[PDB]
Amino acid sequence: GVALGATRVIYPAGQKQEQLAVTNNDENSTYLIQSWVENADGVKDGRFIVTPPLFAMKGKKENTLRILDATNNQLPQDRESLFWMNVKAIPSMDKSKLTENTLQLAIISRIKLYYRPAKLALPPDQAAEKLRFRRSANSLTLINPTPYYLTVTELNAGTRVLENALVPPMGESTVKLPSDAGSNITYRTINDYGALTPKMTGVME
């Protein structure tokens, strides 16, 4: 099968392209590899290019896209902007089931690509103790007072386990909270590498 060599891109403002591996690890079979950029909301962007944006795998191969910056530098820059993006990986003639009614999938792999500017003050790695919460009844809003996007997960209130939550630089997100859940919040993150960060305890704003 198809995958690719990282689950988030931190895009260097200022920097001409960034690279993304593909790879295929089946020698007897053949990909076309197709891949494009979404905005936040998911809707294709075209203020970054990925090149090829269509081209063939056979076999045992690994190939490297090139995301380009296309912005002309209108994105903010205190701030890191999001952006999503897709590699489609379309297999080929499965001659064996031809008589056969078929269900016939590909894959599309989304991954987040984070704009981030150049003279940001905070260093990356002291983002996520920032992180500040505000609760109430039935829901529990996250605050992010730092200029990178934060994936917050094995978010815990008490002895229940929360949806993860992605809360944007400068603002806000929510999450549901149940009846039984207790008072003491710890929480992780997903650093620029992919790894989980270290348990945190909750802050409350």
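Positions refer to the first chain, counted from 1. Between two forms, the rigid core is the largest collection of C-alphas that superpose within 1.5 Å. Compared with the form deposited in another entry:
Superposing the rigid core between the two forms leaves a single residue from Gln126, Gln77, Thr71, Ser92 with a C-alpha shift of at least 2 Å: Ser92.
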Contents of the next structure:
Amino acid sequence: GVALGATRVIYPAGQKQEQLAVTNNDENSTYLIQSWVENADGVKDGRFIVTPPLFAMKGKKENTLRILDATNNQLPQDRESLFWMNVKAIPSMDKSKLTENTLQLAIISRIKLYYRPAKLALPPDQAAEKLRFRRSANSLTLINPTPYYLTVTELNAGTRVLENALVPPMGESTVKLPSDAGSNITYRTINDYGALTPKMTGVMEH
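Can you switch from the form deposited in one PDB entry and show the form deposited in another entry instead?
Just the single chain follows, nothing else.
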């Protein structure tokens, strides 16, 4: 079966292209691999080009997808922009047509593509600690004052686990607070390398 080498792509502004590994570990399988980029709404977006857009992987091998910036430098320079990298694996093996009806599947893996401006002052590995919280009776708002998207997870209020949240740069995201939510907030994030960051204590706004 097919896997990708990363669960997100950080695209550094100014690079002509960014690489993403795609692998098949099965000698006895052949796949067609089709790749494209979508905007945050999931709409195919030509502002990034993927090469090769369509190719065959026969058996056990690794290949490299190249994601090319075609934004003409029009994206914001003070914060990340969110796109989605899509990699479809089409099983391309010589099956035999049965008398049976079939439901035929193909697989698409979708990972975040963060376009990251150059020369941001705050380091990425200091962004998670800057998250702040605003609390009402029935909701919790997450406040991200950094230029980076924060993927907030294992968000706890007391013993009550809350929904995960993607908090946009210099923006906010709100989740529901169940009745039994406690006052001590903790959270983690998923970092540039797909790893969970240390448990942090939530700090209230102002």
